[PDB]
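S.K.: Take the given structure of chain A and dock chains B, C, D, E, F, G, H and I to it, following the hints.
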Amino acid sequence: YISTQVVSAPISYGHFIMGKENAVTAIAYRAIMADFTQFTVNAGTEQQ
Amino acid sequence: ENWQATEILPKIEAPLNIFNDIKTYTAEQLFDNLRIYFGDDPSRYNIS
Amino acid sequence: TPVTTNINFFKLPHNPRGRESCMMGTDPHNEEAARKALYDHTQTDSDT
Amino acid sequence: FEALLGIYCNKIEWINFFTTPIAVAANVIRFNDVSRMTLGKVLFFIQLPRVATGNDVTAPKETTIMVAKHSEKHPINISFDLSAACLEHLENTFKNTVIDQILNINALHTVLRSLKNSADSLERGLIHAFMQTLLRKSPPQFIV
Amino acid sequence: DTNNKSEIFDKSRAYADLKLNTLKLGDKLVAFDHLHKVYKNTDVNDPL
Amino acid sequence: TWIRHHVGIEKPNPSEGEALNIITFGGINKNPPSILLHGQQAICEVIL
Amino acid sequence: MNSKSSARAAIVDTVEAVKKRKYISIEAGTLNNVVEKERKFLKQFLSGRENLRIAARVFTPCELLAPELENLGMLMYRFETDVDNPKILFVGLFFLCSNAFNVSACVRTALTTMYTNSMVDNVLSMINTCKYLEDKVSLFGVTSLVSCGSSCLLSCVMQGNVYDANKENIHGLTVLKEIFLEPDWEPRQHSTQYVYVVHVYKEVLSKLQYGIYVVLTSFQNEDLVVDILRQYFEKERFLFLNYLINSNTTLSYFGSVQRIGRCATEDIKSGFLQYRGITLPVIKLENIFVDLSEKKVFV
Amino acid sequence: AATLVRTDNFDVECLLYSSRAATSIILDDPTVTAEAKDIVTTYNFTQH
Amino acid sequence: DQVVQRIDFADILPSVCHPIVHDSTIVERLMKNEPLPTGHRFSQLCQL
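Keeping their order, the protein sequence lines are chains A, B, C, D, E, F, G, H and I. The deposited numbering puts the first residue of the first sequence at 290, with every later residue one more than the last. The deposited numbering puts the first residue of the second sequence at 2, with every later residue one more than the last. The deposited numbering puts the first residue of the third sequence at 1154, with every later residue one more than the last. The deposited numbering puts the first residue of the fourth sequence at 50, with every later residue one more than the last. The deposited numbering puts the first residue of the fifth sequence at 338, with every later residue one more than the last. The deposited numbering puts the first residue of the sixth sequence at 1106, with every later residue one more than the last. The deposited numbering puts the first residue of the seventh sequence at 1, with every later residue one more than the last. The deposited numbering puts the first residue of the eighth sequence at 1010, with every later residue one more than the last. The deposited numbering puts the first residue of the ninth sequence at 434, with every later residue one more than the last.
To be clear, the hints were calculated from the coordinates, so they are not data collected in a lab. The reader is advised that the hints may include incorrect statements.
Stated by the list, open to error - Listed next, the in silico DSS-like pairs over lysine-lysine satisfying Cα-Cα at most 30 Å (straight line): (1) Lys12(B) / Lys122(D); (2) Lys269(G) / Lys1046(H); (3) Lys284(G) / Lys295(G); (4) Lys235(G) / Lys295(G); (5) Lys202(G) / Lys24(B); (6) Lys177(G) / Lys295(G); (7) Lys87(G) / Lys235(G); (8) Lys60(D) / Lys377(E); (9) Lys377(E) / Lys24(B); (10) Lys60(D) / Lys90(D); (11) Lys342(E) / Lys90(D); (12) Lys1189(C) / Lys177(G); (13) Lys1135(F) / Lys1116(F); (14) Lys144(D) / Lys235(G); (15) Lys202(G) / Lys284(G); (16) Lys20(G) / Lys131(G); (17) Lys202(G) / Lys1116(F); (18) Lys37(G) / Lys22(G); (19) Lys122(D) / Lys144(D); (20) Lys136(G) / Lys284(G); (21) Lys122(D) / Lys361(E); (22) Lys131(G) / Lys207(G); (23) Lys144(D) / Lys37(G); (24) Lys122(D) / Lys284(G); (25) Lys4(G) / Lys60(D); (26) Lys4(G) / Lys1046(H); (27) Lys269(G) / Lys177(G).
Said to hold, decoys possible - From chain F, some residues computed to sit far from chain G (all C-beta separations above 12 Å): (28) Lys1116; (29) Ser1120; (30) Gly1122; (31) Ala1124; (32) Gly1132; (33) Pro1137.
Note that CB positions come from ideal geometry on N, CA and C, so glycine has one too.
So here's chain A without its partners, still in its complex pose:
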């Protein structure tokens, strides 16, 4: 039941970079929302 297989792996890290949004909330409210911008643009629309 053992065979070598050719797999398509990652080779580097992912990235996560703040925006100005998350920087200001981290400064003033001690906190971070992940996906604050994608979150906000879908906040008021139908597809929440």
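M.R.: Only chains B, C, D, E, F, G, H and I this time, still in chain A's reference frame:
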């Protein structure tokens, strides 16, 4: 701890995160913070 | 005691307290029934 | 800071009746007044073949059997609520505040998705009630 | 005495194609499954 | 009293009124045992 | 059938029935004179057929409301007073469960240390100098909307579910875990239980001491519940049979029961209150349709 | 002497067979009703 | 599990030492109302 972010805010679907029932998990306290309500709690709305 | 019955006791995976003290049979979050299971001989142990 | 990563949720799986292989035992027809039907019966007419008899032996006569199978009937139901605070946030926006818009659209999704869950719930109770009746009908193998 | 179709048991309806797990038992093809996929996560047990 | 002593019932006669009628309406005076290891048991009795 | 459509039709029918109860169609000639604010108010024209709960505004000196200005949902008691200036005065269930005798000494002193001031001491002296209890102080309803100004404004619910406004955070009755008990063979029999309040007196050789009990049972019928409470209280009933003759204080019974209202079985949850750090165990009933019946005494 | 009798209950999985189209289901369209209480509105779907 | 379990007469006592065993009223009534024997057993058995 606030739960209304979970109650309201945008969510990302996940397929088959639990193969097993979460009834046992809730009833026998697998978790650290859980909030459960049967009837629909209208306290999701007083956003102060 | 030199009268302790083997065939009840020593031939099986069994608690050497005599009165068996496995907490998978006790009402959880009930310390009074817990200490009654650990000590009280008004009740019986199981198996005997 | 104290970070908050993504917020995930469940996919409540749907089931069609004709997808599951219980429907090869089933044969399902809509009939919009079975609530008004007291009993439904079927009527079967069997005749039996006859063999000629030996010498100086009494002969059986023509045998015709009539039987009538009856209908069980069985209800299912499903209940779900919406709160009155939800019912206020359903349609009459008090003002066009962004908070009222958020609560409006969440109340609307709560309604639609609970109606959905209830329709699934009727389907799975159709599954469960039919399985209930099959296990009530089935005799054990040693008797069979 | 002749009658062809029983409208309470035979009626025109739409047809599709799907897959089933089958078994062959002396030229008898029988569907063969478990209902655990509809009793995965519900209050009731599987009644079998 | 001495029969209750030797067979070990240890508790008084139920009573007139509510304690009998709680038994007719139908009840358990016995506390569930604090420890249990194998589930249910009950053994009836014929004299021979 | 379609199913989804009929469900939307029923939901639209319920929402339109709510609007029919809420607003009123106007058959005034409705001419174009008015400003737009009066125009939209004459198009809407609310009426109070929407809340369907019955409240009462109440003024009380704020020295008496020590945990109850913070913890919304409490029983309240009307104490009439011979002082003309304030003819009635309002009282917390915990404020009266202080000198109730059912409460153990640790909980009693702990609550008292919440309730220690000059006003509350004078009111407890008045309550003790009163002869009986049940018809000098009386049941009044369930708390919502504490204001806490100078003289604190208390709303209080006579009938219906407990909420100020918006029909959000529907509060619940908070009963001290020690003072309540459920006399029935099966506790929490099938479904929603009726919550009662039982006042029971007792006499320790000198004076009468009252006891405040809260019972939860599946029985609706008051004759059945007093028949189960006599079986519960038959011993002390016997002691009062000896007391009530040699006494001369104007009372004629052992206790009295009165219905608060409905509850739900799954809406019973435990918890604890805390005011000034004093952790205090309670059984918090969650959603209560308040329904005061008459007092029914038993001797 | 005596005949002690005792019953025991077992957890059994237990499979079913059925011939195809053995039983027919005649059923209603799900009917919708609606109870408008003061704090919830409960929708009940019934199906015969 | 393979626990040797023992039954005794001291264990059979709460099922055999009950007053309804040493009562004769129901046996007297039922054996009274059960009808008389036939003639050939009546001459042998009922004569004393």
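S.K.: None of the hints should be skipped; say for each whether it holds.
M.R.: How the hints compare with the structure:
1. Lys12(B) / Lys122(D): violated (42 Å)
2. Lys269(G) / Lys1046(H): The given pair, whose Cα atoms are some 23 Å apart, holds under the 30 Å limit.
3. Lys284(G) / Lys295(G): With Cα atoms ~24 Å apart, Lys284(G) and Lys295(G) stay inside 30 Å; holds.
4. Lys235(G) / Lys295(G): holds (22 Å)
5. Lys202(G) / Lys24(B): violated (48 Å)
6. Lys177(G) / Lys295(G): holds (23 Å)
7. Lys87(G) / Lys235(G): violated (38 Å)
8. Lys60(D) / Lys377(E): holds (13 Å)
9. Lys377(E) / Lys24(B): The hint holds at about 11 Å.
10. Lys60(D) / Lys90(D): violated (42 Å)
11. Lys342(E) / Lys90(D): Holds. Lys342(E) to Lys90(D) sits at ~17 Å (cutoff 30 Å).
12. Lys1189(C) / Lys177(G): The given pair, whose Cα atoms are some 24 Å apart, holds under the 30 Å limit.
13. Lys1135(F) / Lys1116(F): This hinted pair holds, its Cα atoms lying about 10 Å apart.
14. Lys144(D) / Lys235(G): Roughly 63 Å separates the two Cα atoms, so the pair is violated.
15. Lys202(G) / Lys284(G): holds (27 Å)
16. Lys20(G) / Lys131(G): violated (52 Å)
17. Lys202(G) / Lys1116(F): Given that 30 Å is the threshold and the Cα spacing comes to 29 Å, the pair holds.
18. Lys37(G) / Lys22(G): Roughly 19 Å separates the two Cα atoms, so the pair holds.
19. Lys122(D) / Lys144(D): Status violated; Cα separation ~51 Å.
20. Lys136(G) / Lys284(G): holds (28 Å)
21. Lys122(D) / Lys361(E): Not OK: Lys122(D) and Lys361(E) at ~34 Å, beyond 30 Å, violated.
22. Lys131(G) / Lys207(G): holds (9 Å)
23. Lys144(D) / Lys37(G): With Cα atoms ~15 Å apart, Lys144(D) and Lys37(G) stay inside 30 Å; holds.
24. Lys122(D) / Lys284(G): Violated - the C-alpha atoms of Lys284(G) and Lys122(D) are around 43 Å apart, more than 30 Å.
25. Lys4(G) / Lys60(D): The given pair, whose Cα atoms are some 20 Å apart, holds under the 30 Å limit.
26. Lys4(G) / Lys1046(H): Measuring from Cα to Cα gives roughly 22 Å; hence the hint holds.
27. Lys269(G) / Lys177(G): Holds: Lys269(G) and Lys177(G) sit about 11 Å apart, inside 30 Å.
28. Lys1116: holds (17 Å)
29. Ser1120: At roughly 9 Å from the nearest Cβ of chain G, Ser1120(F) sits no farther out than 12 Å, so the non-interface label is violated.
30. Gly1122: Per Cβ check, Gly1122(F) is inside 12 Å of chain G; nearest 6 Å; violated.
31. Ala1124: With a cut-off of 12 Å, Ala1124(F) comes too close to chain G, as the shortest Cβ separation is near 9 Å.
32. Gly1132: Per Cβ check, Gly1132(F) is inside 12 Å of chain G; nearest 6 Å; violated.
33. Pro1137: holds (15 Å)
Hints 1, 5, 7, 10, 14, 16, 19, 21, 24, 29, 30, 31 and 32 from the list above are not met by this structure, while the remaining hints are.
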